[PDB]
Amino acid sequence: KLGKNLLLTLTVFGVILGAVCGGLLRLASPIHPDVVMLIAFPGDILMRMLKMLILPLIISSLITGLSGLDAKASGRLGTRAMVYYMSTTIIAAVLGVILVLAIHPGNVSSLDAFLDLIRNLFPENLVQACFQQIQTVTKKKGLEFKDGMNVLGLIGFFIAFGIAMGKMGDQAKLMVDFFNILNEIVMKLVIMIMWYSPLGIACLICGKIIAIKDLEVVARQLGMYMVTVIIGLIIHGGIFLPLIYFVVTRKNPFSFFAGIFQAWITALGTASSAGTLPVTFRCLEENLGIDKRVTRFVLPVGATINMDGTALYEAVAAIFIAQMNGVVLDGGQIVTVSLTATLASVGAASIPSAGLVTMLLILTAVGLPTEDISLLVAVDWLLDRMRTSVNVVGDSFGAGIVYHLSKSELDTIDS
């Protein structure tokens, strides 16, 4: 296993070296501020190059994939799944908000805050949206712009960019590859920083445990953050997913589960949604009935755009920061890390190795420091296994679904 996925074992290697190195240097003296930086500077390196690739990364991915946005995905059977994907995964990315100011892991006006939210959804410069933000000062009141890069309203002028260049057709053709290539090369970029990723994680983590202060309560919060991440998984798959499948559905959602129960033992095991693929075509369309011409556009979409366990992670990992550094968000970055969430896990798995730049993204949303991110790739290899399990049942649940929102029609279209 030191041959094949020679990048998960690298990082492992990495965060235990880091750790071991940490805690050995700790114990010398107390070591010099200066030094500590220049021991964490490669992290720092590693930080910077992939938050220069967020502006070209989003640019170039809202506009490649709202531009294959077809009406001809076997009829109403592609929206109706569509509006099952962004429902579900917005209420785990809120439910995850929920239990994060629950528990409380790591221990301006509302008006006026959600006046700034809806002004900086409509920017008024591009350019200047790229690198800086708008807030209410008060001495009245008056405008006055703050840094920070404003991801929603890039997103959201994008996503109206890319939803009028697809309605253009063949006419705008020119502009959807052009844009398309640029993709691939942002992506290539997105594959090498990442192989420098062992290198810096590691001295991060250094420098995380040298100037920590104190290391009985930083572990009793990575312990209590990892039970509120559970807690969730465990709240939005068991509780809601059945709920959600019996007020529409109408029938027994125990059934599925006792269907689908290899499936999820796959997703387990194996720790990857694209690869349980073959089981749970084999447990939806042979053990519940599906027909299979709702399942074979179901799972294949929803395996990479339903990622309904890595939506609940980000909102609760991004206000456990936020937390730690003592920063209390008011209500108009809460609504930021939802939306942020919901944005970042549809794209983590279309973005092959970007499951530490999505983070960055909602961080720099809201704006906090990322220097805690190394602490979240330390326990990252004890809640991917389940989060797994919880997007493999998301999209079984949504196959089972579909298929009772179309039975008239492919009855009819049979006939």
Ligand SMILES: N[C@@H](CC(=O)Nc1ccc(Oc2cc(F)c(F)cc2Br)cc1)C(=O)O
Given for the second form:
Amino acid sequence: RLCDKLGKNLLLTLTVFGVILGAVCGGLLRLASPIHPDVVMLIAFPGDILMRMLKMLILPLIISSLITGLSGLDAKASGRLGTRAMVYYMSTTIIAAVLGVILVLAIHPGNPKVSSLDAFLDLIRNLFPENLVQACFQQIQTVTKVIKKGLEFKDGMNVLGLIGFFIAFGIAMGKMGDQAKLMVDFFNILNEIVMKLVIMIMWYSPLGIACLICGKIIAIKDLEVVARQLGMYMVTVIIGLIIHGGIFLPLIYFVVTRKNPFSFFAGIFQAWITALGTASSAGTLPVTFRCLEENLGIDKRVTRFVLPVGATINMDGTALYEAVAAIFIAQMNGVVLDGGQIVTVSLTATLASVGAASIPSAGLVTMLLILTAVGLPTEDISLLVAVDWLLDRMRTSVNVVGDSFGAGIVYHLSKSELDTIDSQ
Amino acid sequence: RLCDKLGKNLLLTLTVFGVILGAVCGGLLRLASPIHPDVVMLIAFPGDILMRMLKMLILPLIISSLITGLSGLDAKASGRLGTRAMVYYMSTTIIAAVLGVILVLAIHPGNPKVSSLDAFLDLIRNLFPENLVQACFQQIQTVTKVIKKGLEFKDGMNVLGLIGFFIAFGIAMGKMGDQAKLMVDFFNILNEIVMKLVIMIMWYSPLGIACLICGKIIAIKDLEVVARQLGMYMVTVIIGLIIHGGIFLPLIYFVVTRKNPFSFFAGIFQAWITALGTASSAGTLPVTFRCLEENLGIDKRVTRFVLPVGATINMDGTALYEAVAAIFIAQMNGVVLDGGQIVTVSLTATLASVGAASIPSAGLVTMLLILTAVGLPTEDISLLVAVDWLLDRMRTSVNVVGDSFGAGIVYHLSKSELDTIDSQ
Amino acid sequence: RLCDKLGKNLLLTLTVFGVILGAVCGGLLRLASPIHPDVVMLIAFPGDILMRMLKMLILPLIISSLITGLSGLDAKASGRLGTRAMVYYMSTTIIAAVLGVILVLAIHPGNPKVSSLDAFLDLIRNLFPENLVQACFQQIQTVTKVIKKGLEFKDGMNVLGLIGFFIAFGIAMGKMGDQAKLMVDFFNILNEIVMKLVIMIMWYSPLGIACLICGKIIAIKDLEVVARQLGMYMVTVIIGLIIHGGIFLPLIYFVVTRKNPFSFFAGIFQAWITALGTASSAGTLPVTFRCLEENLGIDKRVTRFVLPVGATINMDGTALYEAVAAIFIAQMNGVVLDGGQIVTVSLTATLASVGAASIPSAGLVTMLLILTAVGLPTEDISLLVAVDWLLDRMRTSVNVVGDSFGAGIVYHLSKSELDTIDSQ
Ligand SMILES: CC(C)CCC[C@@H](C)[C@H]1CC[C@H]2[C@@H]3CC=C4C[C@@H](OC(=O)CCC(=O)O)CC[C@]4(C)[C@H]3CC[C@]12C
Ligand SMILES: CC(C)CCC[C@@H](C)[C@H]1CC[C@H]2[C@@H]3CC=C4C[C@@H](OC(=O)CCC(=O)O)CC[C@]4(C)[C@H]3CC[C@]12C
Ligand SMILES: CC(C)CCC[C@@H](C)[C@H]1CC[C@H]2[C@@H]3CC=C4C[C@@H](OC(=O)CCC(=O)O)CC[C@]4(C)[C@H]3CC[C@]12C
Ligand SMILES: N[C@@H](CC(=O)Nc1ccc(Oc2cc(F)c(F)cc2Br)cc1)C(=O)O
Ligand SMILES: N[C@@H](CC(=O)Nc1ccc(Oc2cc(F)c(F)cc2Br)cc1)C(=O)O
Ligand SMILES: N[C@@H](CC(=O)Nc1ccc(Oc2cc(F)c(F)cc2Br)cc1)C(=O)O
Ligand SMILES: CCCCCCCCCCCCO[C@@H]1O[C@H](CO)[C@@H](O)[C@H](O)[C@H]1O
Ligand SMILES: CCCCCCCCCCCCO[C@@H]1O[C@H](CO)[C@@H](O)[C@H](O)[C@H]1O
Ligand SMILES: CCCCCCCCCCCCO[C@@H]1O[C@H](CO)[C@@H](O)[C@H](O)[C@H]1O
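Now that we've seen the form solved without the named molecule, could you pull up the form solved in complex with the named molecule?
The next block holds the full complex; its first chain is the one shown before.
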């Protein structure tokens, strides 16, 4: 009977067993004498290997998936009803992401543990990288060294510049139409290969996460503050999800559609419960189809377009979670983030929540993308993974609720056009 | 009646209005107190963004346009005659570029404002870059540090190494014939995407150039010396164009063809006037067709090949202009150029005059390619653009004259072969 | 009668004449006064150009040949009999490689002329490069700077990380099947282009090698130690070949097949002699086919598969030679190699003995790949080429013997399957 439960989710059960084993081994080694830091380095080495493996692939993913999605997936044959959905998604997700950054900088869960103008000028300068091979590992930083300001070259990937340039590249390829089909197919092949590599690497994730946990449990001064930091991080994420799902999305539905959002929740309550249970938008998709069709009575076309694409492109709770987690790792490491990196994380949270289900088994890769877009030490992911089992259900329910409200909004903004088409 | 003039050339009129607005705003701010240099940095920021965009695009252009041109365009179905044109172009253009580099180093318009052996060895070393990913942003510089000479890695793109390697790459691809079509098409698609990006960016050029002008007017010591420097630069370009069009090209026609070049000039006078009026070789191409066909009576085939390809590959006046302008920017900044960078600019001027009309709206990109091949500060282009409205007509006229003399030379070097073919 | 000998091998005779001319000119200049080191730098400059050319081409070769071989060449239509061969090759070659590294570090031909744990951890870190554009020119090195260990970015190509990533990439390409054809063809075309470039550059090899030889002869202290160093290096290579082809391969045949290996030698004696005479596995291939078929009586299928692919993938003597030569250059320069670079050279020798005949005229490129994978000065190759005319015959003989024993081993490990197939 146990096999029928564990085997069907072998990767998840392996990761859970690895986390438990790493935590208990870390506790046992903590019960021992203060360990030689080289022995800790050997212990936490497979985690370093996993982090390096994933950070090796964070580059080809942003090179290829942006091009493939912008060129290939974006088809305007859906007409205005398509755009009314798309402009919704990239609008609500940011509202989520910024909200997280507002909350985590207000609560500062881990905090107890250059001017802003130059920071924003540096943000804009790194957003247009004057070189493209040097934007793969180097950003430009303004240094006042002591009144003549200059621009030196930092070390760290320039995620924003590459993302901007390849968004432009994908848009141009899409505008070429069919004459660029050869390169569209080439980059689609590269994307499939890189996703195969990500899946292949993530099978090694159990042992890497186990070693990361066993290397972080040993090297903390006292658990009495780390446990409180993690608890406040959970509190921040849950408060953000509540504020987004229960106050912001109903406010959008009220201001745009001007229909009672509480009736909408009464309709999609079954979908929300099924999203909490399944913890997957794709699995919950039939339930939300049934709810929005037979309960709210919205048009079949608007649902049939919005829901299948909103379940993979519109995830709000994941964006808020990733923003809060990146800022929490920044604060817990003592790294205070300026106004040029807060916007960087608040944009990479969006651009990594877009691809957190469009690319299977890429949550860790997206978290590392966010943590390396702001130059942070990417070794504290272990604390996130040790707790990223209760938040997943809530942040999936928030995504499903966001998709439902997107379907409602798009239907209410295109009812006249659909009626006119159906009349003929 | 005004829209019939401004509307047709919307980009040109936008750039002119931007330049005028930037100049008048700079004058007004100059009438104010010495401004905080940070306020100047904010003022001159959109120009910085434009230069960063263009310098971002200078890499894929030399990666892809060289491949597309050498592999795709070069087809020897034209036979010996085709070579008799090509070896002409890449010769006379150089005769232009070097000439400019001489004149600007004899007049030194902006000057008042390591041994050469090691410099040439450094030129040859950077011509064969031992690494290709490190040649995208780093050149090798010889340092005597104090008798044991060594080689360190400077900062700045290695334009010569990339150009040489990809000339070899394109030549090999062309020698593969049809078996390499699947990558010829890939690089052609990439070239079209990059050209679309250049056009898209150059629509932002008005605001960037306006801000560059308004940030350069404020931050100069006195307008007198700058105006004199610009006047001397324009005089140098005029002298170079006169010496090339009126003395060098007739000398080539005399030494090779041994026919009176003044009769040729009398014949192509109409084409020269129409080139001055139109300021475009492509628009003057029908006029030079008619002139060279019904006035000089050269063969139809030699004209039909040379002129359509010479109007886009053979521009000598543009090469002389670009060499003189790059050296003038070097002299204004006080950057004295050694014998390893003078050859660099005198080669990049040729390789940019080749692609200054094969790629629409890529003149600024070519100027930045030349200014970054020799490690110069790319912020003085505004001074060039302030005066680059009277030199355009004259350099276009010189290009058209060069194409006409190339047609004459090629016809006189293939009359026997054409006669033998026509006899059968 | 002389042209019938020199003309057929024009590249080989050109290289020999260049070596002789460079050596005699170096001797004559040695008879002169101590020369200005700048004159020596000028003399040894074409050799520097050749080294830079080849080191420029070592990157696209490992980018493209790995993909082309792992994806394209590896076809499992040969069934298990294929794997029984392949697992043999990559296991014999390593034995050939490591053995060389054992002898050269034991004999240290040129020697008279960070802990190991951190070295191996640095090996593993450089084998998983956290960045893929920074892995093209930079490795990570552990520095104890003075108890808090850190990781700083060294300078030098990260050959191992790129090889590992692109082995993974090619394996994924091959596993994804026929949907990757549009990119397999792209990389095959790129590989053929780069092979054409390697052949084109290697035609310039005579003059570069002559200048390298002259520059080395001019700039060494005394021949009394250099001649002894080269003699000991040749003795080490010969000892390694004798041990591998006389003690190790017969031991493998005895332990696996349990048949008298001396009878196997008696069977392939003609093949061994023809391999020594021809100094080429491909030319000897008909002779070893005839010997193994009509003398040992092994199955036609096993021979017809193993020999044609073993002649181009299984060269053991070349791996031993390259490992010994790289370590000999390391010792002769006074560069002591740690345990993290000994494994690097012992793996790059294996991965460059595969591509030492799969890519014609790429022996120098493979030697430079090995010498730059361990951060060595690539100017001592001339002293290898001065003696690399007697060792070629012996290493070719060892390669042919290895292929013959591979055929024997694979036949004895698949006799039952072949008999069962033939019975039906
Ligand atoms: C901070 C929050 C609580 C209030 C502010 C949120 C607004 C900035 C965003 C959230 C949802 C967005 C709406 C999502 C959908 C649309 C449809 C879209 O209009 C169209 O698609 C027209 C059709 C077409 O583009 O062709 C843009 C306006 C609007 C109302 C957006 C307006 C801006 C909105 C209200
Ligand atoms: C500094 C200037 C004023 C005088 C020196 C200029 C010469 C170095 C260049 C200028 C034009 C060149 C000529 C342009 C055209 C040709 C045809 C070309 O010959 C062929 O094309 C033969 C056919 C073939 O290549 O198959 C090369 C020689 C020649 C006379 C070139 C010889 C070298 C010339 C005279
Ligand atoms: C240091 C040397 C002198 C002794 C140790 C050498 C062994 C480590 C290597 C050398 C040759 C290798 C053998 C080469 C061929 C094979 C066949 C191969 O088995 C198969 O191919 C099964 C079919 C399949 O793979 O599906 C792996 C075992 C074996 C005996 C290898 C076992 C390991 C061997 C003996
Ligand atoms: N599940 C929903 C939305 C969704 O994808 N949630 C999600 C996101 C990332 C992820 O990976 C991570 C990320 C971490 F930051 C971490 F610390 C640990 C892991 Br594991 C796993 C799940 C759906 O797709 O419907
Ligand atoms: N016009 C002729 C030849 C031709 O192309 N002329 C040309 C060249 C570059 C250019 O761009 C620039 C370049 C600058 F250095 C600058 F300071 C400002 C600008 Br704008 C504009 C025109 C033809 O093609 O027939
Ligand atoms: N010959 C056999 C095996 C084979 O390839 N041998 C071989 C390998 C490399 C090579 O190139 C080099 C390498 C040097 F280290 C050098 F110093 C000089 C040169 Br040249 C030349 C020959 C076969 O293929 O059957
Ligand atoms: C104090 C806590 C004690 C108990 C610790 C339990 C720790 C359980 C850790 C489970 C991690 C869940 O993360 C999942 O990882 C999967 C694969 O990596 C993804 O497929 C999935 O999407 C994602 O949700
Ligand atoms: C002292 C001076 C006072 C008056 C200032 C007038 C300033 C006018 C400046 C015009 C610039 C012309 O440049 C053109 O740019 C176009 C697009 O960038 C290209 O399409 C074209 O090829 C190229 O010629
Ligand atoms: C003390 C010594 C005095 C006499 C010096 C003689 C020096 C001869 C040097 C021969 C070099 C042989 O190397 C060959 O190079 C070819 C092309 O590079 C490859 O095609 C071939 O594969 C490879 O074997």
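Take the two forms, find the largest set of C-alpha atoms that superpose within 1.5 Å, and that set is the rigid core. Residue numbers count along the first chain shown, from 1.
Put simply, after the core is superposed between these two forms, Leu69 is the one residue in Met37, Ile45, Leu382, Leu69 with a Cα shift of at least 2 angstroms.
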